[PDB]
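Q: Next come the chains, spelled out residue by residue.
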Amino acid sequence: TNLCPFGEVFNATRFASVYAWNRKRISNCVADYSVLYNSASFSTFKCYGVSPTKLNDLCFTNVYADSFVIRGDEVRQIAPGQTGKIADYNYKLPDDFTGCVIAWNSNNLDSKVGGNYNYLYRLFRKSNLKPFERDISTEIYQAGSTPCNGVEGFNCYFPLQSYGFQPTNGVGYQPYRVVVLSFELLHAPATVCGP
Amino acid sequence: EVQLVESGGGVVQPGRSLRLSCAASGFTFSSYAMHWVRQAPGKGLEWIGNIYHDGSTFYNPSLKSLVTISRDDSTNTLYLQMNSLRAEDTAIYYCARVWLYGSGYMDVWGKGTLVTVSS
Ligand SMILES: *[C@@H]1O[C@H](CO)[C@@H](O)[C@H](O)[C@H]1NC(C)=O
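Protein chains in written order, with our numbering: chain A, 1 to 195; chain B, 196 to 314.
Keep in mind the hints are simulated off the structure, nothing from the lab. Yeah, the Cβ is synthetic: ideal placement off N, Cα and C, and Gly gets one too. Any given hint could be a false lead.
Stated by the list, open to error - To spell it out: a stretch of chain B is covered by chain A in this simulated footprint if at least three of its residues, at any positions, have a beta carbon under 8 Å from a beta carbon of chain A; those stretches are:
id: 1; stretch: 245-254
id: 2; stretch: 258-266
id: 3; stretch: 293-306
Claimed, not checked - Once the Cα atoms are required to be at most 25 Å apart in a straight line, the calculated DSS-like pairs of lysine-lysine come out as:
id: 4; chain 1: A; residue 1: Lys126; chain 2: B; residue 2: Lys306
id: 5; chain 1: A; residue 1: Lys54; chain 2: A; residue 2: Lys85
id: 6; chain 1: A; residue 1: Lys46; chain 2: A; residue 2: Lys24
id: 7; chain 1: A; residue 1: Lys24; chain 2: B; residue 2: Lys238
id: 8; chain 1: B; residue 1: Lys238; chain 2: B; residue 2: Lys259
id: 9; chain 1: B; residue 1: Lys238; chain 2: B; residue 2: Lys306
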């Protein structure tokens with residue numbers, strides 16, 4: 001009968017970066033989804049495999065909330081079948097994804113006038129990520145035809161780059177907070193239900 | 196010209212602190228992000244920490260609370276505080292510099308400092 005802690009997810013003070021996105025398991029609660037879609041704060045509310053209006057009528061199990069911060073034009077890369085830096089090396093959604101991608105502008109929280117640098121994205125990986133795979137591993141990688149045996153070769157590229165968030169940046173470069181809700185459709189005795 | 200110089204290495208007791216300094220000369224220290232790297236003899240390079248103009252410090256998840264990266268921008272310097280030294284931290288340390296407006300190429304490197312720990 002108790003409420004699901006969406007306020008600890010959407011209204012959190014700090015979000016982790018997209019390379020180290022935060023995953024929260026939501027279970028044994030009643031989820032009131034009607035305060036999400038009718039809120040005018042979210043610019044992007046795109047649900048795959050479920051309509052957002054019917055979210056109150058279905059009982060799920062093992063609901064996952066994935067929270068991170070990406071810039072403005074990369075919100076389209078949080079979708080099944082997309083390519084880019086975020087989809088390949090930072091956060092990959094499966095082709096059979098069911099759930100909802102919610103994203104809203106957070107320039108007045110996540111931008112500082114000198115430049116906010118608390119948010120990182122991985123620039124390169126040897127292979128694309130598997131879906132729902134987290135790469136917090138920061139490893140020095142090479143450049144080509146010379147090994148990284150110290151300084152001596154071509155100098156060694158770093159995988160994680162920080163976003164340059166200033167509030168004077170135009171929209172599209174501005175911080176957008178992304179929460180991805182992921183469900184499973186009625187395979188076990190369900191724990192997460194609507195009213 | 197562009198130059199990174201380091202200081203602070205030596206032979207010290209384990210558990211005693213160290214303060215390694217990386218002075219930058221010839222370029223403005225802003226708009227570049229600074230890295231600390233170490234390598235052990237017989238081992239490859241291991242990245243330690245990043246710090247930006249904001250003061251955002253990012254550490255290696257492998258080693259926790261042993262180091263503390265401290266940037267200073269009045270005199271274009273970078274400090275590393277190392278606390279509670281273990282025997283395996285015998286390493287050559289390097290100061291690295293990336294441009295924030297390109298790929299993560301580390302451009303020029305420090306020549307390095309030698310840290311030898313023993314009892
Ligand atoms: C976050 O705070 C605003 C402030 O009014 C509130 O309207 C909104 O419902 C909160 N979000 C959640 C998920 O409770």
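Q: What's the verdict on A/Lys46 and A/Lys24, does the C-alpha distance respect the 25 Å limit or exceed it?
A: holds, 20 Å
Q: Count the residues of the stretch 293-306 of chain B whose Cβ falls closer than 8 Å to any Cβ of chain A, and tell me whether that reaches three.
A: holds (count 10)
Q: Are A/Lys126 and B/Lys306 close enough, with their CA atoms no more than 25 Å apart?
A: Roughly 29 Å between the alpha carbons, so the hint for A/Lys126 and B/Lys306 is violated.
Q: Count residues of the stretch 245-254 of chain B with a Cβ under 8 Å from any Cβ of chain A, then say if the count reaches three.
A: Held - the stretch 245-254 of chain B has 6 residues with a Cβ nearer than 8 Å to chain A, which meets the minimum of three.
Q: Would you check the hint for A/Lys24 and B/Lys238, treating anything up to 25 Å between C-alpha atoms as holding?
A: violated, 37 Å
Q: Holds or violated: are the alpha carbons of A/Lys54 and A/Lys85 at most 25 Å from each other?
A: Violated, at roughly 33 Å.
Q: Quick check: the stretch 258-266 of chain B, covered by chain A? Criterion 3+ residues, Cβ under 8 Å.
A: violated (count 0)
Q: Taking only the CA atoms, is the gap from B/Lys238 to B/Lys259 under or equal to 25 Å?
A: It holds: about 20 Å lies between the C-alpha atoms, which stays within 25 Å.
Q: Has the given pair, B/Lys238 with B/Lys306, been kept, meaning a C-alpha gap of at most 25 Å?
A: Holds, at roughly 18 Å.
When each numbered hint is compared with the structure, violations occur for hints 2, 4, 5, 7.
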